[PDB]
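Number of protein chains: 4
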Amino acid sequence: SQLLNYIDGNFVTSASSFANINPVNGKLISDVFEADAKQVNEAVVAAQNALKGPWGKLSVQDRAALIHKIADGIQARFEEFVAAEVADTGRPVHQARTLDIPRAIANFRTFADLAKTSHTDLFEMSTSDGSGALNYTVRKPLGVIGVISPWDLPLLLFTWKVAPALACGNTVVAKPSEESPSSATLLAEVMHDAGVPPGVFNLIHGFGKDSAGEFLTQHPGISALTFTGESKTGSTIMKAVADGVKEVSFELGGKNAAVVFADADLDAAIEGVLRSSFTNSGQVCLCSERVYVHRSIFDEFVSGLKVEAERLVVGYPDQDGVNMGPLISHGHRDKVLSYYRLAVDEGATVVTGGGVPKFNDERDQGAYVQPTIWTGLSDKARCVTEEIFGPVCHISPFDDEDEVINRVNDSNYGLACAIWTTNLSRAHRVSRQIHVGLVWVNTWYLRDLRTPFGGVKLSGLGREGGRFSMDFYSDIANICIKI
Amino acid sequence: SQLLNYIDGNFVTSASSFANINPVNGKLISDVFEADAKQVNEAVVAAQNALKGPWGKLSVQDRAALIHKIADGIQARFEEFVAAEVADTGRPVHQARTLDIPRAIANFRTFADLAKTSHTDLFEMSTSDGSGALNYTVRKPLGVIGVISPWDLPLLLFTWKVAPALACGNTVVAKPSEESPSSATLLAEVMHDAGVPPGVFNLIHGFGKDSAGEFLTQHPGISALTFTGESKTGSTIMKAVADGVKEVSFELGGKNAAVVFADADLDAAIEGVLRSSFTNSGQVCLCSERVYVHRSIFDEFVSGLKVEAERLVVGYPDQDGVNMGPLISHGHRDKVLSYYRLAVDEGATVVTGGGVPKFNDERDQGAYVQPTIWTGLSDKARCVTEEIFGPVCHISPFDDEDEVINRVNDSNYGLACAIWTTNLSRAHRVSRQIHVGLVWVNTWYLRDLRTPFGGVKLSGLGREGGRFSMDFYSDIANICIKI
Amino acid sequence: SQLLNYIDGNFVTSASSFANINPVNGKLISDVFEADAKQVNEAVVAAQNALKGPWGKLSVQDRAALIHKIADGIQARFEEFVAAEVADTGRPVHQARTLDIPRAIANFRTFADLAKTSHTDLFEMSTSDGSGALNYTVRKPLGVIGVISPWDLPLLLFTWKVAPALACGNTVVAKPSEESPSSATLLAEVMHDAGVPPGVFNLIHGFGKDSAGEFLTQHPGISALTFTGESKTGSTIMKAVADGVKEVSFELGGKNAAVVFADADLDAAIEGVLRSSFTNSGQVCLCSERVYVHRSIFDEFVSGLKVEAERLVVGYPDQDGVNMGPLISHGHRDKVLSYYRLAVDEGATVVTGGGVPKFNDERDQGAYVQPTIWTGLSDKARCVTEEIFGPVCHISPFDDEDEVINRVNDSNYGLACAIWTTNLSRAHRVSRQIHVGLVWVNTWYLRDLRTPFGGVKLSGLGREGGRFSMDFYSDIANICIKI
Amino acid sequence: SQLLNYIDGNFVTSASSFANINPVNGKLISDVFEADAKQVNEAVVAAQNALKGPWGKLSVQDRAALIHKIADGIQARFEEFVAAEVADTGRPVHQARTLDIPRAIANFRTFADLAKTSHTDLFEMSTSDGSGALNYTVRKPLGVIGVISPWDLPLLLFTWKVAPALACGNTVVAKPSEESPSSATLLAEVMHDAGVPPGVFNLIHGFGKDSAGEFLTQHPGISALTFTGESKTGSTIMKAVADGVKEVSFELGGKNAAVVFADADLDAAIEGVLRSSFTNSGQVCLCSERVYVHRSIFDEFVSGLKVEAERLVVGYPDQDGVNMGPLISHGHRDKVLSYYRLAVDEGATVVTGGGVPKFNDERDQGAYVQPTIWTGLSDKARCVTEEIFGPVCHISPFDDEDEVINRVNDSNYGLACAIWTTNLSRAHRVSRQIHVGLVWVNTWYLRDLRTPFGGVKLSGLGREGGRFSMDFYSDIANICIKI
Ligand SMILES: O=C(O)C(=O)/C=C/C=C/O
Ligand SMILES: O=C(O)C(=O)/C=C/C=C/O
Ligand SMILES: O=C(O)C(=O)/C=C/C=C/O
Ligand SMILES: O=C(O)C(=O)/C=C/C=C/O
Ligand code: NA
Ligand code: NA
Ligand code: NA
Ligand code: NA
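Chains as they are written, first to last, in the deposited numbering: chain D, 18 to 500; chain A, 18 to 500; chain B, 18 to 500; chain C, 18 to 500.
One or more hints might be untrue.
Under the rule of at most 27 Å between Cα atoms (straight-line distance), these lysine-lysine pairs were calculated in the DSS-like manner [said to hold, decoys possible]:
#, chain 1, residue 1, chain 2, residue 2
1, D, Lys249, A, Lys256
2, C, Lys272, B, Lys69
3, C, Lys323, C, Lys397
4, C, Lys74, C, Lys157
5, A, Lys157, D, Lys249
6, D, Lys256, A, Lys256
7, B, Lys86, A, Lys86
It is worth saying that the hints were derived from the structure and are not from the lab.
Make the full structure from the sequences, and use the hints.
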């Protein structure tokens, strides 16, 4: 019923609190204490000091063991974490159990393992006097990492940033989304119980503008800011940290495409586009909101998708056979519904959905919408260019390989793309021409945590994952010995 | 007498021009045509288009071979490049012959080779269905790289950015310092004569605010901005590209320290600090302006360094035995002299220098100052904390190793540091505790081009050099094949 | 014409000599002096002393520049090298001009570049006393490398070993095949004229047993033995160096398969198999001598291949549209023909060829055979299991993917395989299951010099190419500093 | 007690057994069943078959998880492993507790982690038709690994080979020293209880010639032979596998030097050399048996070492304050004593030791010798050049740096060297000149498991540890896709 901040080893309240609302039924889950500027400073100062403490003296093997203990602590409370994620967001219990929570445990274990095996470089060189010199690099913590995370995959994305930060020996001040504060608070309890030293991990609650989020980005004591969320928010943050020339790592919006070629396994493609459009009710940065299907199979694709989409069970997270929960909030539902209207006004054909389901129970006070498919829009329509972040896709026919490549690339975004084809040459030839961070062939959101992850253009800045995270969360320093 | 812009394969003039003045004698060298917003736009569009032309079709081996040809063409005009860099900046001819021009040639060769040898990653994974998946990464050009370079090592820093940009298959719009435009204009001729396709390399002349530099940073058509220069300028550029979320790479100011331990080779450390403080008349980001010397050798060090500083020949670039030329400009001299006055005001002892030499010839119309040594200032003094960028160092005693490490690190900058000690443990123990991008032990500015190069805190953002350059100037894309 | 040994900077003759015979017409090309044991010792001692000369003092940059001069020297005498390869082996002039000689040049250039860019490792560790330690590795020359090469790709395979050896700072004693000693002798001239210091590169001529090859392998002065050739010879050499526990690197025989799946591009597959079976008259270790074609397209494949094999031009190296020259020698032809008879005895159907062409000119005194195709042999037949090393292939149908994988792997060899398929999944799924060093999909013998190259089982020992050559030809040494 | 073989998941007896003798007192510990040729074959065939079973189907994550369970199993029986190691070897309990057993556990954990994190390479290339090609590598099990280990660090060295072998997906047939079979037998129990599939790990007991060791090396079913032990045995083994061209990896003898410069911390160097000479009663391949001390400190060094050596407590493994236990066996003691006499015969001064201690108890029936120090021998003396493998060192003075470097390098061996100096330049300058696999500066036998580990010359063949192990125990295969 109440969620506290976690600062310098202590759970602490605040002068103000805000409502945490279950989107299944509009009911109050808890009140959340909002950290103010003083508390943010206190968090950052504590993190700075923690760097000079026992955390700073741990060997890499011991730090890694301790991180493995955080992962163990989450596993030990697995079902509590599931319930926490579910309550905040309305996501299906099965998704929380298979995707959200196990990925958070894996995030810690993977970066603990990387931290342990990573090494640096030795460069030998000749000099004028014939004695030579040695250059070697070492890996130091960057310092205090400020973490700001979104609500689509709360624990997953939170720990995606927090785990490599800690693995590289940094200290952390982390601000989860106001819409999904619960699993982050549980994680803070796991950290405390695991004996993570005071000040190493700090959790602050609040909003962005004129709240904890902004105060973090403005604090001169942080060394870097890592952020996942809206593109325009990324621009704001970059401006905020600019005077301290802080390092930044961004994963921002997309308007991602799926492309189905005539030679695709059609049933697999229909199935694939279904999950890529409607997973988490379409509320993943990685979702496909534009779909291009070859003309010769377009009608059969749209027909098959319509059928599968209409079979999707929209209901309670714990309901048998449920496929979709609600949107995160009423405010977000208002945005999505305003796009549903905008699509009609723009001339779209509503193949399916386009409204909100009727339950005749508590769920009518929730924030549900229906899975929606449009056709008939131009490539320039706002509904096909702007990110909606709802369970929706527009499907469009295409004819030629180069044509569709140009159409996928005709965007200010470039996060990810999914391609369906059985042809060897086409798969590799087309993939390399798509201007995004991630291309999937005959699948979607399939993740190896070692790979580079991120987007080009407005979709991001930098890369994370594997060695790219080890690079960002570390200060690589060069030492030259004249011999 | 005239320096043109180079846009889309053609040398073009402009409506306005500005003076290029020789700092040795205050005389006019050339008129430089200033690119306006329209010309900057034309350069960017031409760069965008060149990406889809012949340049985009070259194999990695053919691109590398052409970049080697650029290097060859500089080499074939070696003495012209020397005379250009000298005329603009007043640097001694011997420095231009040994440092500036050869490093510019070596920059191209190094990144050409790196481009031929670099590869990417293959990740194998298991899937639920037991068929598995492949993730592989590919290296693509990022796009159009905006380059803005400073006047301290004009061609070296210009090519430091341009070489890896081209080696990675990018196209370039580059704006060199208004104080040192000549060698860059010469490079454009080499580019043209070598057969670099139109639009691949574009040179725009001008200033920062309300001029070519600002127009470049604000153009939506660039994919990245790499910049070396003032720290506050870095902040301005970060703000300016934030709306487009552009990749940025910064090498900024420094207030670098040298530390001389009791067990140093004293005569070598004196000579070392002389070189680190007064090379290029102290106008390098890497120069030492703070010097800490063990108490037991402090008086001897200061006396030794005074004698050597007064031996330095300050004069014409090709004068016999010359060690120091003038500062870059009268405006920069006004800044430096302003700090010379501030130091006396803050209670400094002037061990030597402190003013301007009197030549009683045309050099009196140039921008010379004396090499200057201060003692007696507090660690809080402005002259000890703010980057001056002239031929000066303050020398302070220390007693204790941990004390001196704290005093070195007590700075909003962290670019480089030089340490003098003959003790094995001390060299490695102390070095790793210095919070800077580069440490030298028993030398200074010894460069291996494969090392990471950059600074921490206000001194930089990101790293370049070796694979760090190959990452920044590349778009690293992940492709996932479900099998 | 005469071919001398090259020892300690000098061309020298020997007590004994043998004939170099043109396989096109059986005429004498030159006399070759056979090095005795005394001269082999002299070469090895010279190479040992060369490690302590000026060669050992060169910077990696300077050594790389010199290697680039060797490559320049071959390029400057390109057609002389083409002429020499062709004379010894009868290979088409077009193959020599496009494959053989350019690869030899690219071998030197690639490893010189690799030597310039390559670095080693830095490992930090904690210690009980809390002060830590550093482990760093350095790359040293291994010492004297013994090189023994075969006659199939004479200069290519010779420089494939010699180039990385020199690039890693080693010295070399090299014994080319008695059947192809010309191009290597010319290479010795290039080395001498490029100013390669005396003893760095030594060339000895002769045979295996009781001759230069054996003497080299028995000499205690070498640090490693690298070898390409027959599998049994590999075993003999391994025994010979065992008393000195010398490092060895072997690329040995193969009985390589090609697999054509039903979804293949049939015309391309036919042309591909033609190439992989008959290139260099089937005298490449990488050639396919067993072919598996899906039952549904088997007859059509065999018909198509027969027609193409019959259009092949067998004749003079510079003859218009020539596809195949002779075999290396009459003795080799004796072996290949004996297998032609054996195949008939084992009950093979001779689809085409199976004899020797009748020229009615000087070529009838050469060592030509016809390109040959067989069907109807069981998987256990000697001709399907033993390496023939001539222009021949057996074709057999298959039904099942798992079945054909098993049949390809049912072999004591494991060098290479080519598979033909347009299916994305199939290419990757099948390729990873083939127990060979190298798989090609929809091509054959397409080389990127950075990749690992070698065979499993009886087909080799170790890998070369890229970092694997850099590792084999270097002493990687670990240095640990306790801090 | 009895020690059985472990073949295809079953503990089995043999036709013959041999005695396992406690070297502290000469009493019988157990009878050990000696595997015959038939049982060796059964073990190899079972290892082959296990590759095609459930073991072959584990994901890299699952295989790693299971290898961690093996480590967990050892940890759970920690004191039993200690007792087994101690009983077989007479090693001090505190050594087994801190070095031997924890390293066996760490071997498994380190390679499990490396297997989880390791990835391979992607190479892009251009082709004539302008479509390009992809080369990528994959990591496969080599096959069946034959492991032969020595008695000096039984479980440590046994798991040093077995852990990476299993981590890379191989199956194992492993033969421990007849002198120390107990801990390896306990390990098979741990494997069994952890649910390692039958045939994945096989333990065969026995001798070398005409026994399990020989039979394993000559078996055509193994893919590789990894071996630590005597040099001459390495030669024997290299010959035995030659007919199969098996991959081999050797860590062989040494005659290692320590060098103490005048500027060393003398006290630390005396303690360091005491540890390097007498650890495990001088029975480690890495022990120093030759010591060079600068003449200015020679007498003080030798006097101090004499004092510390005489303070060494030689006795029972669980004796209070024990430093040294017995040698491994009476047979080994006879060898070491023959060297003690030989030293006297070539004119040595015995500074201390030189015989066997008189205990007047059951230990007199064991295999004890005294820690021994010689001076007065020339560099050509057999006792200064041949590996003794007992608790002994000769100390010689030196004058010049280049002199002592030549004397260290004047050896058919080159495993390791330790150097004592406080001078920064000297440390790096001298270290890189010692022709061995491992140099320690101001320490000895400090191990980072990521570093390359092995010797040059007669001391080894190949490298293990880190990526070097990952390379040797893996088949790295290239796949080339033409696009
Ligand atoms: O899977 C990840 O590591 C990740 O960061 C996903 C981002 C999705 C945001 O909506
Ligand atoms: O040496 C370099 O590569 C470099 O970038 C030097 C920067 C110095 C700025 O004053
Ligand atoms: O292409 C290569 O580098 C190579 O080694 C070719 C081997 C062919 C042997 O017949
Ligand atoms: O510490 C190791 O990994 C190792 O292999 C030690 C070898 C010592 C043999 O006597
Ligand atoms: Na909520
Ligand atoms: Na100027
Ligand atoms: Na010949
Ligand atoms: Na025993």
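query: If you check each hint against the structure, which ones fail?
result: Those not satisfied: there are none.
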